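Peer 1: Now for the letters of each chain:
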Amino acid sequence: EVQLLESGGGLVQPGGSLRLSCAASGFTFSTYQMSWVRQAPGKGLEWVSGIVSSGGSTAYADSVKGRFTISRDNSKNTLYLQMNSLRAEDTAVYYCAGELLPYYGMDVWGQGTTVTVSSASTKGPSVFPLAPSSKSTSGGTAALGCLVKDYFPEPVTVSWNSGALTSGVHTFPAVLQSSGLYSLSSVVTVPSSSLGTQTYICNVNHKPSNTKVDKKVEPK
Amino acid sequence: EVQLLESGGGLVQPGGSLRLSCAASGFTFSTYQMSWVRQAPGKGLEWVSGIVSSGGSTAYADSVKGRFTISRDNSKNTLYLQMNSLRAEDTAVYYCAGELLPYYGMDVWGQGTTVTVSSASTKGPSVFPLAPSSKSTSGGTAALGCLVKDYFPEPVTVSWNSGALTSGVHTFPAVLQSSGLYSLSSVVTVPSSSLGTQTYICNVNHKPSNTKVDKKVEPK
Amino acid sequence: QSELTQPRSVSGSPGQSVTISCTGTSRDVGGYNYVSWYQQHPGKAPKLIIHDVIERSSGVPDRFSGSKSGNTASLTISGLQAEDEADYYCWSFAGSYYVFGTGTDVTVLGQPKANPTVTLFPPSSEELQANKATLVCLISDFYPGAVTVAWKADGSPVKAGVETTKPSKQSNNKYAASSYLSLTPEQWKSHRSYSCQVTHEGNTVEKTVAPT
Amino acid sequence: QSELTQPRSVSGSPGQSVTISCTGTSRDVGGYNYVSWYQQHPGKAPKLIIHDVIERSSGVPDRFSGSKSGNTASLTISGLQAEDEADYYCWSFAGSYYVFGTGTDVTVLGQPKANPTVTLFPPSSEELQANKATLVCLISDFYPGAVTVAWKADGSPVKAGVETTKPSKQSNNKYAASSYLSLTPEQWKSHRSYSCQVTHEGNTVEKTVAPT
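If you're matching them up, the sequences are chains A, B, C and D in order. At position 162 of the first sequence (counting the first as 1) the number is 187 in the working numbering, and the numbers step up by one without a gap. At position 204 of the second sequence (counting the first as 1) the number is 229 in the working numbering, and the numbers step up by one without a gap. At position 65 of the third sequence (counting the first as 1) the number is 103 in the working numbering, and the numbers step up by one without a gap. At position 145 of the fourth sequence (counting the first as 1) the number is 183 in the working numbering, and the numbers step up by one without a gap.
Just so you know, these hints were derived from the structure itself, not from any lab. Where hints are given, some of them may not hold.
As the list claims (entries may be wrong) - Within a straight-line C-alpha distance of at most 27 Å, the following computed BS3-like cross-link-like pairs (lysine-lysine) qualify:
{"hint": "1", "chain 1": "B", "residue 1": "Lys160", "chain 2": "C", "residue 2": "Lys245"}
{"hint": "2", "chain 1": "A", "residue 1": "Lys240", "chain 2": "A", "residue 2": "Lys148"}
{"hint": "3", "chain 1": "B", "residue 1": "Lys101", "chain 2": "D", "residue 2": "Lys204"}
{"hint": "4", "chain 1": "C", "residue 1": "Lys227", "chain 2": "B", "residue 2": "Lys240"}
{"hint": "5", "chain 1": "D", "residue 1": "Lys245", "chain 2": "A", "residue 2": "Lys68"}
{"hint": "6", "chain 1": "D", "residue 1": "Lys204", "chain 2": "D", "residue 2": "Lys151"}
{"hint": "7", "chain 1": "A", "residue 1": "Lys245", "chain 2": "B", "residue 2": "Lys237"}
{"hint": "8", "chain 1": "C", "residue 1": "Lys227", "chain 2": "B", "residue 2": "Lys160"}
{"hint": "9", "chain 1": "D", "residue 1": "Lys227", "chain 2": "A", "residue 2": "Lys160"}
To be verified - Below, a sample of chain D positions facing chain C; criterion: calculated Cβ distance under 10 Å:
{"hint": "10", "residue": "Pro52"}
{"hint": "11", "residue": "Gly53"}
{"hint": "12", "residue": "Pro99"}
{"hint": "13", "residue": "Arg101"}
{"hint": "14", "residue": "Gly117"}
{"hint": "15", "residue": "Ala120"}
{"hint": "16", "residue": "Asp125"}
{"hint": "17", "residue": "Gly148"}
{"hint": "18", "residue": "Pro150"}
{"hint": "19", "residue": "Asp192"}
{"hint": "20", "residue": "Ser194"}
{"hint": "21", "residue": "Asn210"}
Just so it is clear, CB atoms sit at the ideal spot from N, CA and C, and this is done for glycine as well.
Generate coordinates for the entire structure from the input sequences, incorporating the hints supplied.
Peer 2: This is how it looks when you write it as structure tokens:
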């Protein structure tokens with residue numbers, strides 16, 4: 026209902042720029058103070074800029090002043106953050122957050138957009154099928170999966186049979202290699218008896234490199 | 026970890042038969058006592074049949090005695106339920122559930138398999154795109170979705186952009202029509218500003234009819 | 039075999055306690071100390087919360103407790119939280135079978151008024167070419183779970199071809215329903231506008247579509 | 039200018055209370071009654087739980103409370119439950135800006151020690167045709183969050199080309215990790231078997247793969 030929907034994150038070279046957006050709905054956007062809050066990997070929340078319901082009047086964390094500009098228009102109900110002269114320490118999830126009465130606090134939150142500032146470049150994954158054994162499947166249960174190799178940045182999305190498969194799916198946290206590329210694996214555990222009749226496809230999604238792979242996992 | 030993975034449900038005519046299965050893992054299947062429990066739509070839990078850790082020795086609810094047979098094999102860690110001469114009142118979700126020490130209770134549960142006993146045949150859905158209006162796109166936010174028309178039985182699965190899209194997604198519960206067919210709608214609310222660069226595909230899955238439809242949703 | 043009788047429903051306010059009784063026979067709840075309680079949310083498998091009358095399962099807070107007195111078992115839930123809203127079933131061994139109780143639907147009250155968000159779609163191109171036309175009125179995030187739907191064509195009501203679901207509860211015990219108007223492609227084209235007019239607690243919200 | 043110091047981490051046992059301090063200056067926590075607390079689980083947005091020093095948000099149970107003495111605000115959590123495991127941030131207005139506290143990681147203990155499930159995959163045919171080979175050792179459902187991985191080739195250990203992640207809490211505050219052994223297609227071909235050997239609390243579990 027009361028929602029904030031953000032866009033605009035990305036991989037960026039140091040010195041680059043990026044504009045985040047946040048489209049509101051289900052509430053009176055015009056009457057709320059709006060913030061951007063970021064969170065570096067493994068770090069805490071950091072408030073970054075605020076703009077009053079009325080527009081124009083704006084506050085900035087010192088971390089970002091002369092570089093970021095918060096704006097709005099209350100007719101499109103949309104909040105912006107122009108980020109110029111990005112540095113590596115600007116790498117964070119950014120959140121849209123609003124607060125009707127000032128001083129109250131904020132409890133509408135966008136879902137977050139990832140900004141990566143690196144001297145980069147994006148690498149899309151190689152996807153490899155992790156085939157069920159003909160040794161384990163003497164018993165009731167079969168483990169099958171997908172190996173998602175050598176991508177940057179974070180994150181990759183993995184789902185199965187286009188989202189239809191849900192039960193018994195564990196996608197593990199990525200490993201950061203020496204190379205500075207990530208790899209992860211998704212595994213589904215399934216009744217071995219299903220292996221002749223049932224199709225298992227892993228749908229691997231990495232936005233930064235515009236990569237969408239579907240890979241059929243078959244017994245070998 | 027400790028899981029029970031069931032298969033085999035379905036749409037069946039009255040007088041029909043079906044075999045359910047339940048492949049275990051994460052625990053010593055052969056030392057646990059195993060049950061089937063079912064639940065009819067809107068209704069309560071009901072215990073159905075039990076088999077003791079060894080096999081051979083079995084109990085049945087009187088509702089199903091002479092018609093169902095619970096069995097097992099502890100070598101393949103699998104639990105079965107043969108259901109013969111099915112009638113409409115047997116229409117339910119079926120769960121396998123296990124219990125290591127007897128009279129303790131059941132604390133391993135499968136995810137359930139739907140059994141439909143009907144004289145009506147499976148009907149696959151028609152999927153129609155519900156296009157973002159070119160009106161409230163003056164404002165920040167747009168509603169898009171998919172109309173999933175005239176299927177039986179229950180259920181249909183809907184995901185978006187093969188499961189990568191999860192935020193802003195509301196799939197509504199189905200309407201049962203006069204005809205006895207179901208229809209439902211799935212809706213995604215998205216930033217208007219995304220409606221040019223971003224592709225929104227709804228992935229409709231209806232098992233009973235082996236139907237998987239991808240429908241691209243575009244401006245109209 | 040026989041039944042294990044629970045109240046159909048009980049409601050509480052946040053922070054209060056409710057007790058759910060379970061009455062069997064000397065052959066079950068009085069025929070052993072093998073009484074369990076199960077909690078079950080919509081669409082999920084039951085979770086075992088109490089076993090052996092009085093013992094919490096791992097991870098179950100002490101806000102949940104079980105007891106027994108003759109042929110009646112009880113589950114008490116204290117400090118009732120939104121998340122406790124669910125169906126609860128007792129269970130007993132009964133010698134040569136097992137039995138679930140009849141189930142109690144526990145509602146947790148408080149929770150603010152929410153007015154519905156209404157989204158109305160007109161028939162799509164693919165549907166019209168198919169010689170059908172469906173207007174879809176989706177109603178969400180309302181509390182309490184009751185709404186009235188009226189449809190309109192130009193001014194004037196329409197009543198033929200309407201199908202509306204009962205309100206059901208979305209993730210968050212906030213409610214969603216749906217309403218459908220089936221039209222022929224040539225009645226869709228005969229008016230300049232169709233409306234879905236949704237009432238909830240005296241207050242009507244309206245949406246409007248048109249052939250355009 | 040302005041910090042807002044919290045303890046890095048505090049732990050409690052189930053059913054207990056923990057308190058979390060938040061020390062600012064006369065210019066923030068002491069400089070208004072506009073102290074909020076946030077709760078945030080991994081990978082989700084922070085949830086506002088206390089606002090105006092002492093007021094709970096909708097649907098926040100009574101077992102969360104906030105207070106203040108001079109320049110220190112406090113959050114108390116009583117009857118600690120598994121779901122309270124999370125990070126907590128205070129927040130205050132600060133005149134010409136807003137500031138989050140430094141954050142406290144709250145751990146809720148007990149929870150049963152669990153032995154990992156290990157799943158070992160050998161290199162796929164598609165990979166080996168690409169002239170690479172990766173053995174994947176997936177370790178899940180373990181408690182506490184420390185494991186030791188040893189790799190083997192036939193008899194013997196292999197310490198070259200191993201990348202192992204740090205354990206992370208899966209949904210259920212049970213931990214998962216992975217280990218990756220990168221080989222060439224010919225070193226994979228030149229042994230009878232490879233092993234992934236996982237130790238957790240002195241218990242070693244082994245899985246073994248081989249060519250065909």
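Peer 1: Run every hint past the structure and note whether it holds.
Peer 2: Taking the hints in turn, this is what the structure says about them:
no., hint, result
1, B:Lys160 - C:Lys245, "holds (12 Å)"
2, A:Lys240 - A:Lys148, "holds (18 Å)"
3, B:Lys101 - D:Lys204, "violated (34 Å)"
4, C:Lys227 - B:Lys240, "holds (25 Å)"
5, D:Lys245 - A:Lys68, "violated (36 Å)"
6, D:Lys204 - D:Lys151, "holds (18 Å)"
7, A:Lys245 - B:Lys237, "holds (25 Å)"
8, C:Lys227 - B:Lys160, "holds (20 Å)"
9, D:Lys227 - A:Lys160, "holds (19 Å)"
10, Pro52, "holds (7 Å)"
11, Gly53, "holds (6 Å)"
12, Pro99, "holds (5 Å)"
13, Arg101, "holds (7 Å)"
14, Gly117, "holds (7 Å)"
15, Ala120, "holds (6 Å)"
16, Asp125, "violated (20 Å)"
17, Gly148, "holds (9 Å)"
18, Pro150, "holds (6 Å)"
19, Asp192, "violated (41 Å)"
20, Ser194, "violated (41 Å)"
21, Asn210, "holds (9 Å)"
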